[PDB]
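The complex is shown incomplete by one protein chain, all other protein chains being positioned as in the whole.
Naming follows writing order (A and B), and every chain is counted from residue 1.
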């Protein structure tokens, strides 16, 4: 093929691949956000358990 | 340089950079999957601790 057609085809292929990757990145970003939310909730559930365990230790006099 | 050579070089550089980024995205996706698994396990370990703490509170009569 002539070089101009070659180039047009390679550029179009790149445009489609960049679009596909941009959609994947976006999806990974949203997945990360959801995971970050779950980790923040886990941090709070753990802190609550730490306080409940401390209170049980005080009740039974465990140092 | 002539514009056709310029373009061919810029396109090749883009192809290599898009490949490199596609491999990075793929790697980030797999890392996310593994992390999601660890977070699901943490959710279960926390729920189990919540049940064990509740049962201890009942045993000692802690409201």
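Here is the rule we go by: a residue touches a chain if its C-beta (ideal position, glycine included) is under 8 Å from a C-beta of that chain, and two chains touch if they have at least 3 such contacts.
Residues 4, 7-8, 11, 14-15, 18, 21-22, 25, 28-29, 32, 35-36, 39, 42-43, 46, 49-50, 53, 56-57, 60, 62 of chain A touch the missing chain (whole complex, contact as defined above). Touching residues on chain B toward the chain that is not drawn are 3-4, 6-7, 10-11, 14, 17-18, 21, 24-25, 28, 31-32, 35, 38-39, 42, 45-46, 49, 52-53, 55-56, 59-60.
Basically, only the chains that are shown with their structure count from here on.
If you average the CA atoms of chain A and of chain B, the two centres end up 5 Å from each other.
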